[PDB]
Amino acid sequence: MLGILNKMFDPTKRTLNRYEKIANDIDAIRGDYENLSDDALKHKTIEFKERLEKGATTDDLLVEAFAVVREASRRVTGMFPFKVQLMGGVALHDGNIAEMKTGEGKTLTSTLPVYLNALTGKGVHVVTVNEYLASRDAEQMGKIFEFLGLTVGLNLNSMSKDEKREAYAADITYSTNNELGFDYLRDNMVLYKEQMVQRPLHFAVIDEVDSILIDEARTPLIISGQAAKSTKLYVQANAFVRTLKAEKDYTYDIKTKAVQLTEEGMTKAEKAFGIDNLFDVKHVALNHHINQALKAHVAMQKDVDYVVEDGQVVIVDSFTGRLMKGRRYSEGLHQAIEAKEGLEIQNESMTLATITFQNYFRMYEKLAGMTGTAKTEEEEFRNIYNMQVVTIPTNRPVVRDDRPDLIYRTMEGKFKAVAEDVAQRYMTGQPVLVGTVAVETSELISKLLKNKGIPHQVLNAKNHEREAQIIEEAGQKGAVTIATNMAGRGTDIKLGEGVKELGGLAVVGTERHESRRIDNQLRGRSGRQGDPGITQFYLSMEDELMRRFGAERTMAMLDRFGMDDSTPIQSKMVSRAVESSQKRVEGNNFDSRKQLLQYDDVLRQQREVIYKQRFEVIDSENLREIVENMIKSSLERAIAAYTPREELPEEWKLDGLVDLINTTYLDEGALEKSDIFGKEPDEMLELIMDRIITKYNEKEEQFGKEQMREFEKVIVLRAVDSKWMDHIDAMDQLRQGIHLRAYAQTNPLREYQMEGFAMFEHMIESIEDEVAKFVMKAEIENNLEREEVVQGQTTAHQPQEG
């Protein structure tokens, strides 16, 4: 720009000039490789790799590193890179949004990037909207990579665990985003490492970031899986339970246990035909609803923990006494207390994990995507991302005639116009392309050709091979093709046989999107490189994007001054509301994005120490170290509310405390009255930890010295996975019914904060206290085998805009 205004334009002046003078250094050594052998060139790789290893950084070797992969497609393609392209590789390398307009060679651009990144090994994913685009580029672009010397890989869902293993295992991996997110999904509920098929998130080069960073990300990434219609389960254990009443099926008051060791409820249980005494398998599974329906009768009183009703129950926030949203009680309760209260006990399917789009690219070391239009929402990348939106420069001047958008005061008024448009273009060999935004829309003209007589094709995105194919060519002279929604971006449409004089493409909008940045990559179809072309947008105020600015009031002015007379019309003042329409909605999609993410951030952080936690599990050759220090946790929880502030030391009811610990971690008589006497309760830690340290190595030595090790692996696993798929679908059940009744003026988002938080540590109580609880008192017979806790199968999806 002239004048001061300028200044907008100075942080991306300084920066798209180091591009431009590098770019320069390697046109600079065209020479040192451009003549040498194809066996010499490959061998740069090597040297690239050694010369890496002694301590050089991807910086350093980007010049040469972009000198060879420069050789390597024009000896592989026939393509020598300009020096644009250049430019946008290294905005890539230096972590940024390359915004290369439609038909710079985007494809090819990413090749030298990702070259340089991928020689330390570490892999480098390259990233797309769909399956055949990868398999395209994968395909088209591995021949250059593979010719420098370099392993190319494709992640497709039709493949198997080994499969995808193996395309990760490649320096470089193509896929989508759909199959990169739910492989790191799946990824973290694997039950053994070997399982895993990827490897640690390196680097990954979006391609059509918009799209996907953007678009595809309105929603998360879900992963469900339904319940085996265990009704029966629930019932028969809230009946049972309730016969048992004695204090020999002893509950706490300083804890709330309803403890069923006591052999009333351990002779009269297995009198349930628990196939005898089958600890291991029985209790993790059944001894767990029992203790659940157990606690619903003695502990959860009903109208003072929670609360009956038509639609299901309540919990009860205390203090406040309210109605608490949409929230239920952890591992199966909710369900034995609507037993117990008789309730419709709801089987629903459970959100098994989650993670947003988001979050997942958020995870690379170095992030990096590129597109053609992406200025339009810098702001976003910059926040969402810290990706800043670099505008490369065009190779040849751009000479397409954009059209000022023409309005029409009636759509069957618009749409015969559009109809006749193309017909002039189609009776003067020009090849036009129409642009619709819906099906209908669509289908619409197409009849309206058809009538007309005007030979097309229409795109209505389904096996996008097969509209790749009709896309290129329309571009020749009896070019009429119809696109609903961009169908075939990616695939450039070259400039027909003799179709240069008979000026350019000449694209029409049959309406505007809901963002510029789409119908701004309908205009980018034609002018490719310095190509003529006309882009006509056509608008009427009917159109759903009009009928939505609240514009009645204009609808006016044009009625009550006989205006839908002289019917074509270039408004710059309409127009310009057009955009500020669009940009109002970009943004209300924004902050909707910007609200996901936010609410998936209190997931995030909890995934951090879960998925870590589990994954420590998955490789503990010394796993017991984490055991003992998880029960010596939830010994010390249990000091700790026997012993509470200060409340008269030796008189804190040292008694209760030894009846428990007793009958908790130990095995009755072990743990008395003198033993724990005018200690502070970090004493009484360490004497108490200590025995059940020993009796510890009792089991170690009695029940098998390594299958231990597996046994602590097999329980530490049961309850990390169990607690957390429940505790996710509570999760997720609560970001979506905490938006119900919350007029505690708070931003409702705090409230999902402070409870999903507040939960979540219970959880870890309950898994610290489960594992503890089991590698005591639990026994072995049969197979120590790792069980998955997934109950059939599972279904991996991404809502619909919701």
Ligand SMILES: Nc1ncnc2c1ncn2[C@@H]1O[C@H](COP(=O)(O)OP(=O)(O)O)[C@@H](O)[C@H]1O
The other form holds:
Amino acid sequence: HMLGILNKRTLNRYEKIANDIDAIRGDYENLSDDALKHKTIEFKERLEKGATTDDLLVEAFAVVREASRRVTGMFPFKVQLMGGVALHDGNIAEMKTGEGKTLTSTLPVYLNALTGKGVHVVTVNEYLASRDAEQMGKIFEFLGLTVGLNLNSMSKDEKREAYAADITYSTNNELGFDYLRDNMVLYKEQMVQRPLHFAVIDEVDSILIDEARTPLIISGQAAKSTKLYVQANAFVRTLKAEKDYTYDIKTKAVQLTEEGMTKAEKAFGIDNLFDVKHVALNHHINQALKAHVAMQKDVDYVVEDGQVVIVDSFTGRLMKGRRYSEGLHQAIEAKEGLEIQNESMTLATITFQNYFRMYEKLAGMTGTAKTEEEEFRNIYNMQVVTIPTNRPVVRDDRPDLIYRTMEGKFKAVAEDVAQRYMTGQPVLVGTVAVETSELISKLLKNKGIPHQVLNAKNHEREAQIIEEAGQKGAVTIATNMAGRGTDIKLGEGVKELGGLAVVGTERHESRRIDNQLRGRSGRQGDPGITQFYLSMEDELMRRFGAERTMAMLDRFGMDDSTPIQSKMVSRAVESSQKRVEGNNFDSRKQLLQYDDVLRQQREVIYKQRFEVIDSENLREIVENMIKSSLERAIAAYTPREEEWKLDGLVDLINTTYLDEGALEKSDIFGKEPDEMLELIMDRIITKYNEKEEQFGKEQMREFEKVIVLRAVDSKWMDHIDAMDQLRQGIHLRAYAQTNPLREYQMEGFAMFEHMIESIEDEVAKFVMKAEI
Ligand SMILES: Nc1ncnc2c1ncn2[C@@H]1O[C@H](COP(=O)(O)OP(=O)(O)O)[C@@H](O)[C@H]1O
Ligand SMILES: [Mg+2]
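Now that the form solved without the ligand has been shown, please provide the structure of the form deposited with the ligand bound.
Time for the whole complex; same chain goes first.
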């Protein structure tokens, strides 16, 4: 009291703001709905003036806090206020399961949605994206803000509409795919997305760590060409057994030698086969080579009804649907003289990781992120902020139990479930593979135990099931990816029984996953036990140290009859687990480097491309591309060092820029390249001014606008593909000791040069020649 007011801080940034917001809690306590709502208009004014989101934060969150209470009945605990603050800072709020992560997000979503730039709230699947949007939207609309739901089944129009709302719920995939499409548009107005302001990712460690490199692809409705496969195969019939190519015994590895390499360079009329401009050609020869030397007909595959069918080596049984990849199937189709069925071509591509970084602001939530903090900082520049639970966790996380054989471990799981089932306490068996869920289910049916099995198939159907897993008698086998996001509240008479008993069947590659399973119990403060069963036979127990240890236990005489539960053991296991998590981080880190090569290239091209679409006049640009294109032509024929500059370039110009027979005797001969370039450029300019004004002015700007886009997109496609072929075969271009990364960066840079020149020569011919 008085002794207190006189004393009045060792509180952190979040404990504070949470208290401030709690203080001004009555200044909205009795306000009126219309008045509470008008608060938005107010915040918007102040922001218009000069205030910042940080400024209004304390009040904004107070508004939402009251708003919720009225609209939902829930008054945002103080822990939750701290979470919102963390999110607003562009960081990761780590709130254990059950803490109210969803509601927690409405705080910073609202705040960052006032400037009118839109805010994306991302989820794992449309069910959750639709539920949240549906439930939380009721709060935002209350404070006069429009919530939009962006789904896969929506039309370019209806999408654009939701991407226009203040807030927009969606899923990682849709957001990604829309982005690729907005980047294939012909008219700036065909896009759906607004600049990527700020995204708030739920289940963020799953989206940015686990599914980070998930590829989002837009393939081509049309097909690829087949001419090269033929040429490549025809060529391979030329070569000989040893001085033309090598063939490894153990591995089916096949390589070309200097002779074949020269015979190839000779055969296809090219200086360098390793030249980045011929990556596709070199790749085709390696498959056509593989198809003739490492794939035997009637043993590796068969030819039936004009096709190539993969024979399962030992079972002699055909695998009717599948093909070989990286064009090896087309290589064999060519060899066997069959109809070459070509693959479709990728037109646009991007990973979740490289898509989310296009944003201006990012924030995420998950109950499990601390372990990956470092990665989050370096890649997404986000920090993990651990928000304290609303109530103290009283859940009894018993130490791992180890059996000798899987059968033993699984029998134990059933025994346990049974015992708990008899008392009537709920049980939720966590699993990692659906195959495993079924293993236990069969075991529970042999005991007469009624249960449910979730395999992340139908999310809504499963969500409902889960919601009833806290009820007395319930028994649920859920596969790691099932039920995510649905709170299991305890049924009447359940805490009195011990709360939810969680039973883990294996430790996952990442402790995070094990902790997510643990977290389903001990919700707000509810009682509950978690227990993991493992066997010496599990995948992890055969790893690093785990081996040595289990080796010793085996020699010690351990049986299924009696499990092991030692702090020395359980910690030696924990030691491996960390090591596994170590290397997995090292790999990710390495792959980040390769992924970046194409990433930076894509960001550049898209930017340049958007500029084209968002440009009214394009002639200066096209002219430049022609200049460059041309300078290259002349340089091709004017060796800066039997003959001193032969000439044919003439017909190369009359056939590529001017018209047939427009020049030859004109200023070309003995001259200097420096000269020939400007002379021929004028001819071109009048030739363009002519076509320009003479055949259609506005029609020229659009004649251009199209000819360029098609040029970019066309070459990008080729690039994405050659860039892939290069990566796949970069160990072939790198030397023994050398690290391929460098070689990939270098050639990857060299190919981009190639791709710009290719874009240039195309937009050069087409513009100066063809008519609309
Ligand atoms: N401030 C609150 N007051 C009362 N209940 C809340 C509050 N915040 C969240 N909840 C409840 O917590 C449960 C789980 O919420 P959820 O947002 O899904 O959190 P999480 O994602 O961590 O599990 C829901 O039943 C939700 O209604
Ligand atoms: Mg959630």
